[PDB]
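Take a look at this single chain, the form deposited in one PDB entry, given in structure tokens.
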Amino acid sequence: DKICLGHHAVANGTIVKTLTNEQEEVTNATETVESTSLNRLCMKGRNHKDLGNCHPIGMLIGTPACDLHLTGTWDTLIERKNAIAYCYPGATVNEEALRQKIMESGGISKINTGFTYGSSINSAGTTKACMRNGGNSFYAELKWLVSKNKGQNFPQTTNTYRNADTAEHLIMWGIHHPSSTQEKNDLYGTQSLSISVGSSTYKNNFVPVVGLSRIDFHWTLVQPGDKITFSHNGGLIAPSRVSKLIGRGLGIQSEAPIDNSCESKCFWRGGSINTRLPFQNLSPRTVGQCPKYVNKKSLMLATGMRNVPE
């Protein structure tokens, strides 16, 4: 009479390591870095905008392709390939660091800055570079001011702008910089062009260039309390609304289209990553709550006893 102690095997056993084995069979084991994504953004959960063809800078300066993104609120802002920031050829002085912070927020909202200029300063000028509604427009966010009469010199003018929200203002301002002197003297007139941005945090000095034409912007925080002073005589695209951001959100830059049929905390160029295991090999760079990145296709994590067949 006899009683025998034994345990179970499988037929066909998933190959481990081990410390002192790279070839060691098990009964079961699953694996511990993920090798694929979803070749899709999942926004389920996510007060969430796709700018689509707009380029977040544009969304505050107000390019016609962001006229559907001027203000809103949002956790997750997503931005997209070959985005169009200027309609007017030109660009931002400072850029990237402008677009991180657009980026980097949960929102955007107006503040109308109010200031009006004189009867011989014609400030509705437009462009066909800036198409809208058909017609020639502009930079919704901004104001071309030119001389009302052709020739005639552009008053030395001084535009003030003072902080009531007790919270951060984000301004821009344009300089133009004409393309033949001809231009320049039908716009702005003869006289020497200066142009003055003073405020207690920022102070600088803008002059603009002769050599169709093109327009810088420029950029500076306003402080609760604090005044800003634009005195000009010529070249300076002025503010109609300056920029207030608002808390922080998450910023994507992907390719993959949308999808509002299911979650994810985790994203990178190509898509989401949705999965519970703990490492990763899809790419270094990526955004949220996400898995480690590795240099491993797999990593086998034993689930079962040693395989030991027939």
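Residue numbers count along the first chain shown, from 1. Between two forms, the rigid core is defined as the largest C-alpha subset superposing within 1.5 Å. What changes on going to the form deposited in another entry:
For the residues 68, 258, 246, 277, superposed on the rigid core between these two forms, a C-alpha shift of 2 angstroms or more shows up only at 277. Put the two forms on the same core and the Cα of residue 57 is off by less than 2 Å between these two forms. In the core-superposed comparison between these two forms, the C-alpha atom of residue 47 has shifted by less than 2 angstroms.
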Second form
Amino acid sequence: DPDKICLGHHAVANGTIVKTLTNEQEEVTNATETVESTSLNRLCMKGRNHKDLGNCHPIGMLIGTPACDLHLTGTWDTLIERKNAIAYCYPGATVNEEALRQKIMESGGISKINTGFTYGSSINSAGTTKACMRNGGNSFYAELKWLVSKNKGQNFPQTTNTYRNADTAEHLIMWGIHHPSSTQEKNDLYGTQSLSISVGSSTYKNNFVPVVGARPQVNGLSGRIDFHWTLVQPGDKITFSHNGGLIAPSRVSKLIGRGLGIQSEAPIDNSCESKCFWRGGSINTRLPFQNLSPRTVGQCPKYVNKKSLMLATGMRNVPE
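Right, the form deposited in one PDB entry is done, so what does the form deposited in another entry look like?
If you are looking for partners or other molecules, they are not here, because only the chain is given.
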């Protein structure tokens, strides 16, 4: 007999499952994903003055390995490092290597300044090696000089070289120490005297003695040249005191501004833009979380140990 008005709410045939504080299997009308599972298999470089180093390793830019001849100076906001890139043509390594690599990979450019180092007539400063080929001929790291006695067997003279930082910004200076494979080789290059290299400034102090001894050939060579580095502040002097074994800098480096360092094998794409990168490529999602990798760079969604996390965008679904 009475007329009737009924209050109700919508429903859908295919609801979605979400988790609440009290229920792991709560069916709602709609929901949306908060964890990103996909990435673009490319480095999205639109809006970035980027440098793809190819097979040049960042440290190779400072010392001047032949692979890095086109990357000795420049400017950039993004620096891309690739797998198996070359830093050391001659067998060896850098002391405090990762600190240096990260420093270069957050710069926005490199400039080179001459040390102005000259050497006496009893020093051959043009030592080369078959490990570092340039134009089909034996060469050496472009920013350094392999110093040896000009006459074979003769005592390398006590030498002093001082670089003044005349610039208003700090300069990064590198040098190497040669480690002969035998007593004969050491005597031929530097003489029979005890070898000592000291490097000193107001902000740095260290001593190096060439290691002489038999060891396995690396690319047919038992010798080693290990690299060392430090910063020279504006107005400060850094002095090298050496009598054999020093691989001396002919230029120093100036790191300019800021940039984002990316390590990835993914190909470049100038069409797309991104702010988040990882080994496998670019993450352009708007979502707050991601499950692709705990190792990302830039402005990124936070990594989580979750396949999916659904946020309800509707009421409980209560079908007919």
